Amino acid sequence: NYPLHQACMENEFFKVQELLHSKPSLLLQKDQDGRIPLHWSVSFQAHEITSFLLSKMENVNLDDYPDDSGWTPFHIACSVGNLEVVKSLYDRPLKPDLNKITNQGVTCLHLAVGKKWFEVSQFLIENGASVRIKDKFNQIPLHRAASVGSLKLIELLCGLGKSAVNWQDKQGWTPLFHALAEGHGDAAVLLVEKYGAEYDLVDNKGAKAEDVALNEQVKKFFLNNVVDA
């Protein structure tokens, strides 16, 4: 059915070469998922196969090849977290639009952050990716960083990224709510003390951030370590 895509998934470089020789028009053929062979080689981190495919896609803009979900091969690369592959897709004459969103409104940075891929996230920010693009849920990357409780990512986003801190998603939750709800006390304190997050904001249900804390232990830690403003 889809010989080339499969060979890419299996990481069978010999077969990929064979197939492209007998059926060249398969290079940009879409899946039942709307994916071309490159999506799969990147998805499964087939480094050598990816470079081979790219050598034959010199004039192809990756932005032009979204999944049936809105994911281009660059979105997949950032989600997988292999910085080598990410750099490989970026350092081309035709570069991808770093702020391009999927069908759900998320960016490559949203994807990398939620998976806690620090190196990739940094690479994206250093190259111009905006940290203030909201998805369908009105969340920016910082909402995800607080959710997974990554102190490094929070520092990266708020420091180098100059990320906004008090933006509320559709539930009325700022990143601080997410840190506490998930039990990330140190992350909650960091946002408030170092980056000025406000903790007196209320939910779409009138709840304060301290009110959605995972434990009474987490709540106590938070209240005990934040200064009144």
Contents of the next structure:
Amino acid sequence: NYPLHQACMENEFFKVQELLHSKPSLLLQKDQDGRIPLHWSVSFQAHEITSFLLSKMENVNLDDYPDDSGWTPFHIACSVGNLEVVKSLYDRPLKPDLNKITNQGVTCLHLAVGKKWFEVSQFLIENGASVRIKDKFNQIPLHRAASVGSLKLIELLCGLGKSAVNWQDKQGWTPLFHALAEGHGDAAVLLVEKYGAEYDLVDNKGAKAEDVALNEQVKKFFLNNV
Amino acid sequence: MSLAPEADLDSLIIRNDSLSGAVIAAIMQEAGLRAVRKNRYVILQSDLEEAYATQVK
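For comparison with the form deposited without the partner chain, please write out the form solved in complex with the partner chain.
Then the entire complex follows, led off by the chain already shown.
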């Protein structure tokens, strides 16, 4: 039904050449999910197909190609993690808006961080990606770095990125609340000790960050260190 | 079926923590059903966000 797109998911290069040669108007055809061939080649890390397709998209701004979920090929790239593909998509005539949000309001940085792709996250930040765009649930990337318990990302976001640290989400949780709810004692103390996170804020159910701890061991460890 | 490589399931969980396993399963089953209407064997973020939008409240 969408031959070219399929060839991209399966990394059938020779196949992509053939289909495009026959019907060039397929380069930007959108499939049943609003995706163009580049969405898929990027999704399955088909480096050769991606390059090939990009060579034909010199005039294209990726920001104009969100799929049905609002994800452009760039959001897909940042979520998969390969620095080289992200670089390829970035270093072109027209550049992607690093802060473009999906329909759920998330940015590429939210995606790389939540998956713990340090290099990609560092790359976005170093090129101007904001570290405070709030998504539909009022979470910024730091909320995600804390929930996965990545010390590496917390320091990248709060350090190089000068991230806000006390913003509360729709649920009333600051990033600290997230670290403790997921048993990440050291990330929690890192937020408090080194980046000035407050631990007296209360969520919508009146609970404090120390009260949503995975277990009272993490709870004990936290209090014993902040 | 399976989640697309770029999918982000650990995004639906971070929202209003404290979802029974049951609800998580309902969401996944619901996402899978949405992929089927698209004739896809892989689950995309849209399936997940939509599945969540009608399993939580």
